[PDB]
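This document opens with one chain alone, in structure tokens, the form deposited in one PDB entry.
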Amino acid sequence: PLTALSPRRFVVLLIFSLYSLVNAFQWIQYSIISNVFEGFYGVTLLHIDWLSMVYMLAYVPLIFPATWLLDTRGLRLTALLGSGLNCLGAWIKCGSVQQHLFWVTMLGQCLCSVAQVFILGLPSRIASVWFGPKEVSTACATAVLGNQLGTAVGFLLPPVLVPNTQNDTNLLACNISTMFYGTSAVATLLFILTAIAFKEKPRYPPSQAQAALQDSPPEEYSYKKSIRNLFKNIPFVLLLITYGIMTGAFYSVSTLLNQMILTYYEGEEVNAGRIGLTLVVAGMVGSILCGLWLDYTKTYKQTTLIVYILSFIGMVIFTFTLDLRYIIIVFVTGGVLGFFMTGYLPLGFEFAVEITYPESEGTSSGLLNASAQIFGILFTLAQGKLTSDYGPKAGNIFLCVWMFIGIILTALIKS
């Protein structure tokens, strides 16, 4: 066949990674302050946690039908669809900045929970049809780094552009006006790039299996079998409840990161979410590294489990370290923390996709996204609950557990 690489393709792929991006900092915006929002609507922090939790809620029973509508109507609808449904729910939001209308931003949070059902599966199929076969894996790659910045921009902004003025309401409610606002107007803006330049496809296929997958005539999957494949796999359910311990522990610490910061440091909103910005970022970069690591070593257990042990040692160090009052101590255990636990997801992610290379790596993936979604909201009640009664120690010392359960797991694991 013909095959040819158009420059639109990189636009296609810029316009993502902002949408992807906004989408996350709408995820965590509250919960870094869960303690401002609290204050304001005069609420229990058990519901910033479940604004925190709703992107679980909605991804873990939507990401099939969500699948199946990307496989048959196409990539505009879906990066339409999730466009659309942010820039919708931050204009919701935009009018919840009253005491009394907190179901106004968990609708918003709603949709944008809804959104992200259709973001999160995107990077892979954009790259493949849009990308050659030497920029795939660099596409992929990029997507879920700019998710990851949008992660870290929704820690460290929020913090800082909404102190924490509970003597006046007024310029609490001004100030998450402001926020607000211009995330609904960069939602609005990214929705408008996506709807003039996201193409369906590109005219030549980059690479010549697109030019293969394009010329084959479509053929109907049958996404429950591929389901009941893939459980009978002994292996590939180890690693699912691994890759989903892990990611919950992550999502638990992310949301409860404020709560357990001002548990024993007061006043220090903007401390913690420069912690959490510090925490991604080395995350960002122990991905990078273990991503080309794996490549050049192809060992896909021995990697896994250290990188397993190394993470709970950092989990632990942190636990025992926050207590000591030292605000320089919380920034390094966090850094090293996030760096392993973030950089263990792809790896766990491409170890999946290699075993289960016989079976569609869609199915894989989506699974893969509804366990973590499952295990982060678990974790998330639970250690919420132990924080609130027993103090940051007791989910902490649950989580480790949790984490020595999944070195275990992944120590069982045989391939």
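Residue numbers count along the first chain shown, from 1. Only the largest set of C-alpha atoms that superpose within 1.5 Å between the two forms is called the rigid core. What changes on going to the form deposited in another entry:
- Only one candidate in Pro133, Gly182, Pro218, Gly74 has its Cα displaced by 2 Å or more between the two forms after core superposition: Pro218.
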Contents of the next structure:
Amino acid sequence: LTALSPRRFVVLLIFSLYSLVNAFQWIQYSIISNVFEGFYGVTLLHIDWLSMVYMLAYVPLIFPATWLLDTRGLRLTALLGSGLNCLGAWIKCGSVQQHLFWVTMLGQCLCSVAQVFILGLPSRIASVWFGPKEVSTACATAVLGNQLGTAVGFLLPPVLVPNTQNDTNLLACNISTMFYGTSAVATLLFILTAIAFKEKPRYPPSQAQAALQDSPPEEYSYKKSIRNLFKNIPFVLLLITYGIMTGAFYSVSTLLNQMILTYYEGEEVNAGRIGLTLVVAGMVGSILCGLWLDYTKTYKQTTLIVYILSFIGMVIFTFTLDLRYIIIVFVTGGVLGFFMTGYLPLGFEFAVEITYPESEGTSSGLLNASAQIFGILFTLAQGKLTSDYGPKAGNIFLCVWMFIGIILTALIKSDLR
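Switch from the form deposited in one PDB entry, shown above, to the form deposited in another entry and output its structure.
Left out here are the partners and the other molecules; the chain alone remains.
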């Protein structure tokens, strides 16, 4: 007896909404990083670390959290993901002062820990609550909810918080309003999670989950899985190319305010819409990419073409910022964003196919961990280059690294799909 419960829409909607808030909080500081420079009396390096602890905290905590999710259940991970997101947001609301940067540093640390319990959920929620035909779209919706958070995170903070650096009292009110609004939304979603997020439906929704429910997962071993994934060389190369592709997206998103503001002074609002275009277009590309793979070509050919086009994406983007035309940044940012974050569906689906005899829990974790490691290195490197030799030097650094990504992608041997 397998049936679909109406609660699955509520569970999916609740998770997508508090995934939006957590992803909103990752980029809310970086998009107005020039505002927080004068508010805290703090250099750009610390403000970049606000968006980078989202990546630093993910690397060590991903696998113990996956162990917690695979052993305790969906509800505890959901409660911890929303609970720490709500707790991290509430700490920030008390950090709106000129001498309390560590308080907002501590608050962002909790949100980064919350992301560990959020990013691994979308694949599990669809496979537990949704029937066989709707697993793919339910999984896609949850990830798009996280990407939609970045889109809102790019657009709203510039609107909510103007520069107003010559009036600190008025500046403090706007920052507190954004923090108060973020915590209030996160608190409501945590309350809903504690109420509506059931552990599992009354009956399994799919035939595969009914069979899988009878098998205890205590026989799994994470040490064997990670060690076995580095033995085969095709996956190691893909772990690097995906990290470069996704890490470049994190580096650009974190430093988008710095590159835009030096050429266009006072256009921090427009930098938000460029960030929105850079990721909304990727959402369109991600949807189109999913319908693209099983319609014309194979995984290897498609992932090389997108990577080649993604490299061309910033080559035009690198050499169009200096043109001093704001319209050109919108189009080039969208074209670059159509392929930068349109590759993540390609990265995940390519890896899971070439890793059949190994569980997708670790392969997905390693790919995300690879993105965090490269995102930290790129932001640290591009941040110094931009702050010293101009944004063109910083962007060329990313262009060089995708050239390595194209070469490494071409060396992968695969024929699946």
